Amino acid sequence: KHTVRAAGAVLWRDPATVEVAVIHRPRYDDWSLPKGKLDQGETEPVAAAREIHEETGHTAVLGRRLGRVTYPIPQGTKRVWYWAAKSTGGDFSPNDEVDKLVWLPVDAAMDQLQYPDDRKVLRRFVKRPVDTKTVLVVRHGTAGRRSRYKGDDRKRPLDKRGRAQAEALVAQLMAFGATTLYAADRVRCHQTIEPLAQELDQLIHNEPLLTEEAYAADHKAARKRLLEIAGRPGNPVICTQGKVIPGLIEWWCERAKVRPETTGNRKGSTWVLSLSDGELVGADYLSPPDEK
């Protein structure tokens, strides 16, 4: 019943014309997909990107999430979440952890992978486009509690936990190749992506149409604005509030007939929206960085 958390990837290069990486490990004599256990304080996407680079030598950009594999181990239950990950280069060198890496088209990869669950991941990988662009919709971090004033406090800041959530979100959002930054017109939303702003040296665009008060006054304008942002070149991060996100996500998924595998709305959480030719093809809910 104790869960060991891990993450990994279908790492690919070049539609089933791509090649995917399959690794061999001499400790187990197995062929499998690269993956590994989360370190203290990592989230799954951070661990996936790190373990990809450690086991294959390649850097990569994560995209669509491809489901979860569990299996019993002496410690309890091993849990692996998998992402599609596009190689951004690197070179493999054999060692004692991983002694071989082969790049295979999907069909021959399916023959090489010994675990049925890995084959299931790879089937998911091919079901939808993999060369995707990415929108990251983030609910701001923890910011104490609303006062008894009607509606909303413009300037309430992140609390200490929330500031730490903001710092922890840099690595997670960098894992998906975030490039451009947007925040609803509340201090707490800006402060959530300010650490990422500093890392990228990028300015945070301000978004009055995406606050809770605006969504409630004019939801059509909020939806239009999301699409406008998503249509721009780059991979945008959009930080907004709890009353806004569920409605926007549900609307987009409905219209494009995308089924989210997980759902939630926690402060510090992230929705990874994968697009192919402007069409939504994945909506993946990630837990806040300090929650399970």
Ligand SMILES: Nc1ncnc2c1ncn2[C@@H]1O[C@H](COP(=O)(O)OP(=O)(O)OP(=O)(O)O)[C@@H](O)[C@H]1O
Second form
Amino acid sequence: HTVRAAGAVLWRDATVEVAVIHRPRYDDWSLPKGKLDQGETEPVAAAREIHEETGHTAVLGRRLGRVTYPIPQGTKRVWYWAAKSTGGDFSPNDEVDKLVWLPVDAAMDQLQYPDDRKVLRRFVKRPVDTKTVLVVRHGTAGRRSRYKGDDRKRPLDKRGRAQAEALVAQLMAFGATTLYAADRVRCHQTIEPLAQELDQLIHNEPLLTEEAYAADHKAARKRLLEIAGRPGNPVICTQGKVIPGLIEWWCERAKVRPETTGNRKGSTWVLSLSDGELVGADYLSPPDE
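Switch from the form deposited with the named molecule bound to the form solved without the named molecule and give that structure.
Shown below: the chain alone.
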């Protein structure tokens, strides 16, 4: 088996301080992480584990890489995020008995595992006070038909409806506040469960269908940057042919390396921006993968 886990560098203002935890099971100093519970995706598991271990709520930002090691059960795979504390404070729990807030240099010395230190080096390499654009490929929606129009009305299938419900907690982990969808039923439907959770309208985006993208790709780019520039953390749901065109373009101009790549239905690209520049592009699997 591969056990799936998630962790973070939890940080707050003043340079910046990060949280290092102490665990009595091993008498060690490390970054918060834990295992995914049933039906959870990594971002959710990170936020939960940060709250359980540290007492802090937080909003995830840039992904900071992956750590993999053997365990009795097989292999543990831990994905890490940068996480801005949004409040709270620590008190001892069974897993974690002490927590210290340390500037990065002092954290680096406090952390006993080389793999943690590597994560913290990734954290400091780029800005961490970022805003976030969440580009989502619509969920599964059955078969393309022979009628012209790119099936404007074709709905999510059962699996896709489930993928949409699963996205809510995942997108909320990144502080999603505003909703945008290409002018296709299946794109809207994929973020309607989030819309219900936030109680918010979805802005329709005819410039971001595959049709419009091909006819005027420059209009789509311009619109994406417009959406990105507004306050808040926008969710933009679009189609398969649009996404790589836009992401690959934006990564190449910003000199951003995506550590993973894909484009499955119900996947999310977490785009981190600092000062309006892209500093990260993180591909997340569909929640039922």
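Positions refer to the first chain, counted from 1. Only the largest set of C-alpha atoms that superpose within 1.5 Å between the two forms is called the rigid core.
With the core superposed, find the residue in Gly89, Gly151, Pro116, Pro74 that moves its CA 2 Å or more between the two forms.
The one that moves 2 Å or more is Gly151.
After fitting the core, how far does the CA of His53 move between the two forms, in Å?
Shift of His53 at C-alpha, rigid core superposed: 0.3 Å.
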